[PDB]
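Number of protein chains: 2
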Amino acid sequence: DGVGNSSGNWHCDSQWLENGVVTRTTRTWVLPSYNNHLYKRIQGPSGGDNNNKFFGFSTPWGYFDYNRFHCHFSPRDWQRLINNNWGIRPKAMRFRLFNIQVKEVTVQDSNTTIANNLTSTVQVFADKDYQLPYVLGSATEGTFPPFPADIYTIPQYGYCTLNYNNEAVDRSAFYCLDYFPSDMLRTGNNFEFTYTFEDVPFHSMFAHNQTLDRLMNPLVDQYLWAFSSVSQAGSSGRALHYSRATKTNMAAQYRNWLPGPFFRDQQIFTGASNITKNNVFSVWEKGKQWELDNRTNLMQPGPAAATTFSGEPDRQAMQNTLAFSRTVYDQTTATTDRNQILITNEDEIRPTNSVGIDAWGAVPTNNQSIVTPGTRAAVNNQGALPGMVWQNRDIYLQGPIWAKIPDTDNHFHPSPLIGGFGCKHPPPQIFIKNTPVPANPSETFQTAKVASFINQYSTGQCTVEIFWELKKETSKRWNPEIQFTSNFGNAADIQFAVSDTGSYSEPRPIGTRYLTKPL
Amino acid sequence: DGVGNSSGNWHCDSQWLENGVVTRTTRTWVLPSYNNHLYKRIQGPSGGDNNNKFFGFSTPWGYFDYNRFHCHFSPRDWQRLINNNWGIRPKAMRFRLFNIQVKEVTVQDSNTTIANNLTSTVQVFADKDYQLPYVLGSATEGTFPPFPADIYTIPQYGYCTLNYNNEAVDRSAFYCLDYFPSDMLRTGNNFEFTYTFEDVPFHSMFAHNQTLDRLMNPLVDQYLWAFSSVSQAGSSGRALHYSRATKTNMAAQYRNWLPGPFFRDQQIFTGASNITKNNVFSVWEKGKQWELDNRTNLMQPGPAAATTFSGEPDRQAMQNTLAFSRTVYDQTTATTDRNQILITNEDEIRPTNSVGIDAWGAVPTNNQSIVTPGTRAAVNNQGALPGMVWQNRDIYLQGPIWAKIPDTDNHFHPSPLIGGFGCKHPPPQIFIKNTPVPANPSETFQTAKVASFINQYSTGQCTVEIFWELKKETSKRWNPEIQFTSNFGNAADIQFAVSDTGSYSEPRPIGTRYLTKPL
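The listed protein sequences derive, respectively, from chains B and H.
Per the numbering used here, the very first residue in the first sequence carries number 1; after that it's consecutive.
Per the numbering used here, the very first residue in the second sequence carries number 1; after that it's consecutive.
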């Protein structure tokens, strides 16, 4: 419409429905002009380590990454969610962008002056066909702040392509984002589109009441005989013993089911008394990793596994657990104190999933005889076997919502190993740019490229609205259940709120799994 | 619409109806940018006194407090009201906000420059569901000026929550006002909503012709006998005397009614001859107070009681009477002269309500006998007894209109002890904000929070329109009545008008109660 008429309103509320919830949220954003309106070739660092080398491009573009849970949910809405419900999955989504205003910057005499350029444009498009590198899956910075009053700096868009070390292989691709159709928007214009998620399984917000191996009736005995032991009958003779498993001996018993796939990881001593028992080492050396092409990569989340044994909370798996910063804005990339960061606990999957510290099992390695006594070896890694069941790593208020399942011939249980909902066709990437406005030309025709632009940036608001489908609980459990409660007792600042400086902070991580279900 | 078209007009008139009046009024306002767009945690002062400690938050928001009578009524409209009418209550209300313009401020070389930003927005919402702390009930500053030419600086919004001294208890809540839906408004846009009051009792604008104990016929005698005295008949004998109350003896007589609940307060000598009779003390020591949790609070208005005895105007109750400043803008928070401030007089409730100085009564404290003579003690505080009647403190032209009755299981005569109309669902709070416009980003992506904004403020007009329902008088009184008349005789400045400096002033307080009614 016009410069004096607002494009849209502010919607941050979340309303609850029967079998669903819609969380709509709004932010104010700023878009820099990146690369001085240039597509540049970025590359990895030059050295002897081939693991960190890459080849790619950086674009004069930016993108909206809203993919985390605390963007959409408040800590109360999250609490209200996780206590009452067994499952959640996204259904539909509506993104819209409005109240665009571009500002012009002039710096003279070390004094900056900002005035708004009414005729300059911003251009936006969503990639619906997934024809661009999809960078939202990886969990990176540039997400909306959790707190609605904060302002969202839109990150720059760049991507990596097929490479040989730093230099580029023949099959590597260059994508120009200006070769897509886009919507140019002045201050009166706004942009909107809607999206509907493909069917994905509910994330299980429940734990289990039962252990995978305790599914039996403890009062009765099995009717199944099994081999038991070989004994020496006489001098050179032997005797084969068979025995039925009894309610007394559960360890040796017939079962229909096995724990899920397992890839072992090393242990650390996480607590004040145990901290001394740690050997001196690093993850890159003693940790678990997978390797692709000429590079080796740490297997960082890996398949989900219980992080620690029962009753031993202070000795836990080093690889599996996620960790978060208690503020989005912290600049420190390494820290030696754990009070500064939030460390997740994976113990709710312990009934079905085996702990990451101990081995998955043991296998007989040879054919026994009187000449050779039988041998056996531990199973550190185990692929899929028939009759396995396992739980996914749970989503967190601070964790990523979704990832894009790659386009490949074959998938196996495409659950993102960080967490969330794997999608063949995830929410589109939304790209936004400040169209370049050049500085005055030379008044005589010249062939040189145009390097001189008017320095400018844009700002405005963006609403994101998602419909979440919920799975209600039906439980005959008599006794009360664990639920997420806020207990700090007395404190100077309340938890999940601003400080006297005005800084919002999240004191502790929150997972979904509280309610329990029989196995 | 557009930048060159006005959103609304100026309506300040008040028109009178049969059984009602509508007072519509308009102001020009200014909205600062508070807290540099931050929610901050405010707290009480650090010390040993636990009474003034608090815990709360301050928001980058502002609110319209129009709650006082002289905002809506002019001194003539008020006079015209109080002389002709027995009662008044609010019915409906319409608030609307228009002609928004936001100005941008740049300071360089100690020289400020203000230019209007056409594309910047203002966002407004009313809290209809009362889901926020309601701060309008308390009588505080930041109300509209009484005089239409003055300009209204919108106060900052902050609130207190459940606390343990300064630090915060677990149940204390943090409310983000950006988590509500709002209406973003540019210069062409305007905002409006309507509201209808719940049914509240008319405020009684009349006094009483009769005293509560004089309701009798003075010409006749009672037919009711009562015990009178015990006498000594002979040496050790006794005789019981009974007597009927006669028109001569009114003091001992049967009555159906009692004065209202009473909480006593100390006296002061308020006048030139008596001023010397005062002892040296303070309210905090010798005054009346109530206490909640670990804190003690002065009971400042308390239940209404007549401020002084008949014919003794110079000795009066220290706690009960309200007092006002004769200009909204005075910065002095303490003063030793009473000519500077306006002191209300509560004497019109004297027929029904007992004076605050003297006790409510006396009670027998023991069972008499020949061994023990009977004793009695004064009643300083009295709760409700069956057969009580009492009057509310009257509203003043300068006093607050309404308060929000808390949400609690139980209420007892929810009349605001300051005055006005207690409401379960009072007029909503209207919150207004300058949406932040950030300064230029760093052109390379950074994770640091955005602390740099364009300094700006907004201004415009706001109309408030209220329909008041009136209760007409029907009176057979023969002789003329007291009415509010302006008598200064000769003066340099006329009362209730501007001075030569241009400052508006209210010389004396005005209450409603002039007309009288039989009891």
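Rather than coming from a laboratory, the hints here were simulated on the basis of the structure.
Treat the hints with care, since some could be wrong.
Among chain H residues calculated to face chain B with C-beta under 10 angstroms, some are [as the list claims (entries may be wrong)]:
{"hint": "1", "residue": "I42"}
{"hint": "2", "residue": "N51"}
{"hint": "3", "residue": "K53"}
{"hint": "4", "residue": "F54"}
{"hint": "5", "residue": "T59"}
{"hint": "6", "residue": "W78"}
{"hint": "7", "residue": "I114"}
{"hint": "8", "residue": "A115"}
{"hint": "9", "residue": "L118"}
{"hint": "10", "residue": "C160"}
{"hint": "11", "residue": "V450"}
From chain H, some residues computed to sit far from chain B (all C-beta separations above 10 angstroms) [as the list claims (entries may be wrong)]:
{"hint": "12", "residue": "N50"}
{"hint": "13", "residue": "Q79"}
{"hint": "14", "residue": "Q108"}
{"hint": "15", "residue": "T121"}
{"hint": "16", "residue": "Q123"}
{"hint": "17", "residue": "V169"}
{"hint": "18", "residue": "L185"}
{"hint": "19", "residue": "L240"}
{"hint": "20", "residue": "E291"}
{"hint": "21", "residue": "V389"}
{"hint": "22", "residue": "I405"}
{"hint": "23", "residue": "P441"}
FRET-style restraints, in silico, Cβ to Cβ [as the list claims (entries may be wrong)]:
{"hint": "24", "chain 1": "B", "residue 1": "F193", "chain 2": "H", "residue 2": "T28", "range": "39 to 45 angstroms"}
{"hint": "25", "chain 1": "H", "residue 1": "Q131", "chain 2": "B", "residue 2": "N410", "range": "47 to 53 angstroms"}
{"hint": "26", "chain 1": "B", "residue 1": "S325", "chain 2": "H", "residue 2": "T28", "range": "45 to 51 angstroms"}
{"hint": "27", "chain 1": "B", "residue 1": "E469", "chain 2": "H", "residue 2": "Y134", "range": "41 to 47 angstroms"}
{"hint": "28", "chain 1": "H", "residue 1": "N36", "chain 2": "B", "residue 2": "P414", "range": "32 to 38 angstroms"}
{"hint": "29", "chain 1": "H", "residue 1": "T28", "chain 2": "B", "residue 2": "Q300", "range": "55 to 61 angstroms"}
{"hint": "30", "chain 1": "H", "residue 1": "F54", "chain 2": "B", "residue 2": "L292", "range": "34 to 40 angstroms"}
{"hint": "31", "chain 1": "B", "residue 1": "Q15", "chain 2": "H", "residue 2": "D13", "range": "54 to 60 angstroms"}
{"hint": "32", "chain 1": "B", "residue 1": "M184", "chain 2": "H", "residue 2": "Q131", "range": "36 to 42 angstroms"}
{"hint": "33", "chain 1": "H", "residue 1": "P364", "chain 2": "B", "residue 2": "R76", "range": "53 to 59 angstroms"}
{"hint": "34", "chain 1": "B", "residue 1": "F193", "chain 2": "H", "residue 2": "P133", "range": "53 to 59 angstroms"}
Ideal Cβ positions, reconstructed from N, Cα and C, are used throughout, including at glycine.
(message) Name the hints, by number, that the structure is in violation of.
(response) 2, 3, 4, 6, 7, 10, 14, 15, 16, 17, 18, 23, 27, 28, 30, 31 and 34
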